[PDB]
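Only one chain comes next, encoded as structure tokens, the form solved without the RNA.
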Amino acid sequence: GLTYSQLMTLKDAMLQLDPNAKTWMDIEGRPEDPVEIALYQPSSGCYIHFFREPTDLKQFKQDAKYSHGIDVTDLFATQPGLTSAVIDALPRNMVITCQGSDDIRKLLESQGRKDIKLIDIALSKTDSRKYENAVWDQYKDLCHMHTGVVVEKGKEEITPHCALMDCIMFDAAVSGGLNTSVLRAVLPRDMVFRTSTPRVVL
């Protein structure tokens, strides 16, 4: 769980979202056990992005091989309870656009956010991954957490799925290109991860 000071820091951070602007949301991992969560407002450029340690390591390993390619050891330092804290702090009656709403539905509903409405924009495999190369080429420095080799079931190597890149590239398909806004993280780096570097005299 988050400290009281962090919860107040989160609330002030969540204020940067426009409750009536177009907001994308995508997750990696199943809604009952998500490991990467991203929200994206292309108008203001704000984006929410954080990670979570998985509960089902067996399901995580299969999800890593065929989807996100995340090393589980990179998730040991994630802030616990951050998923519930961020979902609790989302603006009320917000409308969220997503590709595949039924799992975004399960996640938000498990946290009691029935006020949030979902727009299930569905796209082809061609349209959803249309700007995949352009988005990764432009924003690869926003997520270095996809270190494993991902294959698609014969098996051949594909580009790993990132919840943040998915939001950007799905919006790129609908809007027909990359948005000109400069992307800015809403969540502080020290709220997403807990520092593993001990204070040492040198």
Contents of the next structure:
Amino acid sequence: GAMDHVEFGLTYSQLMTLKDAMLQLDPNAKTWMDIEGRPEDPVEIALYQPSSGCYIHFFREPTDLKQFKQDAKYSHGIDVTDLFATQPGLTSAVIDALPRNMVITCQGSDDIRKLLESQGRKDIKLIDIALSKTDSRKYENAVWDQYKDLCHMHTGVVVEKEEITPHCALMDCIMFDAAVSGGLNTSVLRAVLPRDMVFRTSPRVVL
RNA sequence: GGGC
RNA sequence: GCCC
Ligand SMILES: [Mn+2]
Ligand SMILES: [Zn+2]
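Having seen the form solved without the RNA, could you now give me the structure of the form deposited with the RNA bound?
Now the full complex is given, and it begins with the chain already shown.
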């Protein structure tokens, strides 16, 4: 509101922990980014650097719940109850912490661009691989086969009617990279963010 | 064609 | 279904 003036969603302590964690990102390595949800109301964010296997992956509660339940049916299949424990402030904090003039690669750059610009990061350069749906998802099964344990949010049925595999920001990054590289490596990935930064963890008794 |  |  007009009388509310809060600069950050995170405490300085957590902002400093975030800054340190993001030193694991190489400012010059190929970096994929993808989101689920609208750029004005994102619910899942992923960045991925195949060179190290490092990824950033986190969630956000939707503001437009009617649009969300609709988007879930046709794209992401994310159960909204599973988004309760998420850290507010993380989307802005992570985007603000990205290196100046970083080059980010994506599939369909329009939504990624709107998100970054809404966060004042017009300095970030975007490379759109601009593949067909078919070509971009050649390694879709192979990626889910290998990395399913990295995201459990996508349990809703998604339709195109015909049922299709749900869209995950993290699996998307991995499979798009596989498509461009012409193959998928078998390698163990590494989460950049601490678990307690991404979700509300931690009571012995109610009240 | 894309994106959710 | 909605968005470019
Ligand atoms: Mn996308
Ligand atoms: Zn996911």
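Shifts are known only where both forms have a C-alpha. In this text, rigid core is short for the largest set of C-alphas that superpose within 1.5 Å between two forms. Numbering follows the first chain given and starts at 1.
Asks: At a 2 Å cut-off on C-alpha positions, does residue 20 qualify as shifted between these two forms after fitting the rigid core?
Replies: Superposed on the core, residue 20 moves its C-alpha less than 2 Å between these two forms.
Asks: Please check if residue 9 moves between these two forms, taking a CA shift of 2 Å or more relative to the superposed core as movement.
Replies: Moves: no, less than 2 Å.
Asks: Please state the CA displacement of residue 110 between these two forms in angstrom, with both forms fitted on the core.
Replies: Once the two forms are fitted on their core, the shift reads 0.6 Å.
Asks: Taking the rigid core as fixed, quantify in angstrom how much the C-alpha of residue 180 shifts between these two forms.
Replies: After core superposition, the C-alpha of residue 180 moves 4.7 Å between these two forms.
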